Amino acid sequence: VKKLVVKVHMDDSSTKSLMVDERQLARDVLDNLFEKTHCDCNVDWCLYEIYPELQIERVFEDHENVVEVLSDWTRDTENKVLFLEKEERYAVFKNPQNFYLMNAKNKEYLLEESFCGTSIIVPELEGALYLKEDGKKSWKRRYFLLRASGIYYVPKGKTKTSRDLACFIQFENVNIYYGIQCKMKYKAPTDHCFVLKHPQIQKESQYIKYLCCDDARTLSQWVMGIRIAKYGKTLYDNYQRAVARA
């Protein structure tokens, strides 16, 4: 019964307003746009969330309920939905070797082990990243480790062993975003930044976590890796559903 009008922004500055009820997923809105825009229907097409105030942005995952995501938005919000190509969204499924470390046979076997087993296998990703200090234009280099449940950090004066590892954040409690203009705004070492915060946060908060990578490659590895850990088999299912429409 619950209905909502969503203004979807196109790349050429134009907009297309759709009627979206409480039952529609990002998958359904995309199929609707596919018919109306007459696009090539490639897997990179996605819904894209932008927060102009906090200057953060992320892809919608295809299984996400659109109304539910927009219900977190304030009445006076500046937030926009965009329809554009993001080739990073399913990068692991096109080239799994770029993340889990190749021909069609070895690509298939690697993905079936990582996604089609009993539990998911998350890339063995670890490295130092710059974490922003709460409310301060100050950044600190800490060693981080990617796990199935969340990201773990090495406390200053501890070792890499799992017993010494403390949990930084759990993926259940955050969406992952790109950080925009973090270098200029907060004196981030680079602009290769990702942002971890709860869907409900719509303004400045200490619980918005800002992480800066040394290069563009490191950013790509962490965003893809965290999305694998957070979304798991559903992300694989999203991709298979997208290939069938291409």
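Between two forms, the rigid core is the largest collection of C-alphas that superpose within 1.5 Å. Residues that one form lacks are left out of the comparison. Numbering follows the first chain given and starts at 1. What changes on going to the form deposited with its partner chain bound:
- When both forms sit on the same rigid core, the CA shifts between the two forms reach 2 angstroms or more only at 158 out of 80, 158, 147, 86.
- In sequence order, the runs of three or more residues whose C-alphas all shift by 2 angstroms or more between the two forms, with the rigid core superposed, are 154 to 158, 160 to 164.
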Second form
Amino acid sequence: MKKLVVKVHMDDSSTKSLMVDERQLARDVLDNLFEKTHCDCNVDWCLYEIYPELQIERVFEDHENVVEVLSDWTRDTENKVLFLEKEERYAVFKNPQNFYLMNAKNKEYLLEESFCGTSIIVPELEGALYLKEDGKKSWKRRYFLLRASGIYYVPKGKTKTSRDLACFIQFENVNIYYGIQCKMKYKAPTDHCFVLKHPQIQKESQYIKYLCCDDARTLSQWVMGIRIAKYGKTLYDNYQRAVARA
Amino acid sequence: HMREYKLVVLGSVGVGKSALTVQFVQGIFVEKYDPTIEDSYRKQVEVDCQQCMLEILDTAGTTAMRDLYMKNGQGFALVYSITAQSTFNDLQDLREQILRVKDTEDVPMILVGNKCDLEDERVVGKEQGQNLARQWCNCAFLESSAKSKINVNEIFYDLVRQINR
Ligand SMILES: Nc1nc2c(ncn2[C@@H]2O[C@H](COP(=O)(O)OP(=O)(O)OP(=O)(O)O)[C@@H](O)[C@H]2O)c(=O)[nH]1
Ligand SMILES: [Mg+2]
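Based on the form solved without its partner chain presented above, generate the structure block for the form deposited with its partner chain bound.
Once more the chain from above appears, this time first in line as the rest of the complex follows.
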């Protein structure tokens, strides 16, 4: 059985090195950290990965296999695992009315409709984002639509469909990260940026997609929406498992 | 800026290195045993009327990795359990490693006989610790309990005081 020592960093720069075998999910590592740190065990605590070279970062989802995620890291990696509170991670489950555009009863009805039926319902999110051109400090404003399988757009000359929407990216092929300092580095119009990247990519690549949002709210909407689309019912189950530990 | 102090807690498995550290840092007694690989803590404390930033390395009980924290460490707490003779006997070699790595005999150090609340299970009499301290040219020595909190703060404060001198 593959074993891995994982150094977990806390916000105060304290650290705990844990032995993580190949069967452990983020959920299991979190349970261990709750015991070791004596924290309050609230649902916002998470594992968080940082890539200092690419300057991107993301929450681990609780069902992810930790050894598998870290297996993509290079031998001399600068990457780190942090244990932090990230209140955006389950934002839709606390306030579904903020994403599916309220009292407890109606929030519950909304989540049942969205996650507990035969198929998940993804928020009906669409809007303009700035897309970085490959290898250039240049951005193009484009209209994008969130769907269960990926991000779509209307091909130049054609509009609302149906089976004529072109796919920009499929979610099975990427993780979603926050982009840090994209304004300074790449002349992003704002620092409200998200990044879509295959898990394996550890350095600059044309295949990393950089999306800039006009404001913080738009960024929050897209990150939450994409996570719902990508992880679906699993994300809901992760939330229920987390509430049970709080 | 407040001064930063790099402290290292050393000793054989199960002596209470982690329990002492967590009691000091968080005021919680850790009852469950989980062997440490490496934990580090940062805590601000007042020692002799000055604010101090303590970086505490809580080490594994059981190489090159050991050499590094000895090279980097400024003060060392060598912990044994009063209930286990072997853990006391193990400390001589650790001391020798530290002094060799530091290339000096004058290294801030404290000898700690932990689990002093377990008086009915005592195997290492206090005179053994006192004799060892004497061998080590009057090394600081305390008996402590992570469970009762006895002499917990004193361990770390004394190291700070030695580093200051
Ligand atoms: N009664 C009593 N038990 C203690 C004391 N200090 C530690 N223990 C217990 O002894 C066991 C081992 O303590 P740890 O602090 O985990 O031991 P350690 O030196 O960190 O061990 P390693 O990390 O494996 O080197 C735990 O079950 C503790 O609760 C103490 O002062 N009194
Ligand atoms: Mg320990």
